[PDB]
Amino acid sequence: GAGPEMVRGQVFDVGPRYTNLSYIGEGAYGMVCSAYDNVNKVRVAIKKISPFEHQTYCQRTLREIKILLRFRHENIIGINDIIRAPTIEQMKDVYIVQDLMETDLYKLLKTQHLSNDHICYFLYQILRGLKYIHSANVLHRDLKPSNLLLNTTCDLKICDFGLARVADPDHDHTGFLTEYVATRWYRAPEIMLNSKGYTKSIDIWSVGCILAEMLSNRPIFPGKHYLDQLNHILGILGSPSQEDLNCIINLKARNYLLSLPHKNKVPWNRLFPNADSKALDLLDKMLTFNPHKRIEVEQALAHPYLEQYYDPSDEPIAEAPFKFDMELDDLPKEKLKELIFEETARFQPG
């Protein structure tokens, strides 16, 4: 005596364990809703995804699920359950379940003005979790405000590993103006110059952009298109020094920068008048042009601005490094569906 239940767009087949559905969001890659978790009496967040039609959609699903299930950390969202049909043939949509988190950084910065206390705390939690992911040789590659979940009690947890992958520094070099998929406003300068984003330094840059954005409730470098994003970065940072030209071997990247007029660095304090100086000093180190000089995660956690929370022994690392034997492109949608099936088998009764 009941029903399957539909939200707004379409049906949600997740009974009987979860009920009382409420629409939350939907942005291309699935619809997010809020359900009631019977058994473990607590509300939860559940996302319906129908990726099998598209290749791209299938990669995003596998990375997220394989990574999330493998990771175990307080500042990274975990997967409680995964619903889908008993066979590959009957599987069209997958439902992933996570603890319910009232909001995210993106939604919170639209109206609330974070105080220094809350900024410092949120930055710490961001870095604590990043230390764990980097320690497993993984790069999130798409850290942004909407990727950070927040409880009402301020516990912050990272969540979108759709474009995440295994480090791999040896193959980071690429040509000038190489296409990229991760969110524009958070891409480091080298992405547009000579990098594919295969090193840990790329997440740090994104984190710094999230620091700045927390400090003034608006994107630090809001580019409108590919090369405009680098124009925004260079606008504030100034012209890159000549003295240190670490990397940047391809002549096209070097020549482009070399053809810009000299532009001086806009001082941090000028952009953020009323803001702790220690926070600004870290911000500087996180947003340094040169990716080799850029500060790394553990080093960031040890910065004076974060001294109230810093404690190495309470900042766990992964028990074992992550291995992605699936390759970037190469892998048809069919096998991806199989891996997804296999990856999610543990949640089937048995």
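Positions refer to the first chain, counted from 1. Between two forms, the rigid core is defined as the largest C-alpha subset superposing within 1.5 Å. Compared with the form deposited in another entry:
- Measuring CA movement between these two forms with the rigid core aligned, the set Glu179, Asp168, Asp244, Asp117 has one residue at 2 Å or more: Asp244.
- A displacement of less than 2 angstroms separates the C-alpha positions of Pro16 between these two forms, with the rigid core held in common.
- The Cα position of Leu339 differs by less than 2 Å between these two forms after fitting on the rigid core.
- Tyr310 shows a C-alpha shift below 2 Å between these two forms [criterion: core-superposed Cα displacement of 2 Å].
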The other form holds:
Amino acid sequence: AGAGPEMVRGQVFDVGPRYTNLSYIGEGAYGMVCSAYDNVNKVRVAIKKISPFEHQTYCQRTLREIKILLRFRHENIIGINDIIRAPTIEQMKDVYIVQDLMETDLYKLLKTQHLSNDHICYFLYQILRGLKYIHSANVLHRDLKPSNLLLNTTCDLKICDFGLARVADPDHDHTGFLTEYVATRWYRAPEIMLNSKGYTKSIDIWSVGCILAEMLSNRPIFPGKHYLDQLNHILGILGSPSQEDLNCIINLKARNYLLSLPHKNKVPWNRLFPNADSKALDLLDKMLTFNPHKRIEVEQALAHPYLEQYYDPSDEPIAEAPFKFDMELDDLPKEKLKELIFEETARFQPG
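Next block: the form deposited in another entry, after the form deposited in one PDB entry:
Chain only, nothing else included.
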């Protein structure tokens, strides 16, 4: 089998006899994505071709995503249905990841579709429901954004892409001013630019808040064009932080940067989003709170009046145990990484 060759790792798309049919969907990060007919379950599925074994980073992110997805089981988190690879490490060159077929993502939808308040509400509930599970496993996603939120034709929403995820580590979250960061710029919380490594749950809540804002207007709320511009966008709307919030920033370079800026007043949410439901804007305000300690937590968000039609804690499951396995994976040679990817994928083998 072959699929629309050329460039971007995806000439050969070799998914064994179980999966047939010839439908390019797009480019992932490490290869092409196709839909295919699952001759066993007799439904069409998605297949990602991963060809990560050339780079340490691709491999780390691939191992991370596989370990996490296989351990998680939740309606609002994409699962792995199957993994196709060679029977031996020596022959293992590509890895195919089979998942439920999700026809779009929130990014694509927001390019062309207005969302009713009912859709916004439903999407937000599902995002937070999945996030509650993730956080209950002591895991942080760290790159929540619309393109990492998949949707099917009935509007079921599933969180994807755990390539940047980490185990939460609040005691070791502090860093200096302007510390470089990997996750997508427009969805970074203010503290990332000031004093945070992104090792606490509050980082994800900020991103959800950004996504909420974007659902209300079909435009990213803070589209920074570079590292520090991101902060300037955030302050242009929230206004200058209070003395109390600022006294929380102990590191001098960060504090003094903020102190050097001209005073900016808060732009009221209802002026930015004049057609928004008032309860949505109250919740938005709580998620897009400058001070990460005052920011609302995932369970509190689910409990907010905006989501009252959906909130049901007994039907919002949490993980059976926290993750404590290594998610940094930074001191491992390429050989150990490949071996770990081989071992983590063994359960899908005839073997």
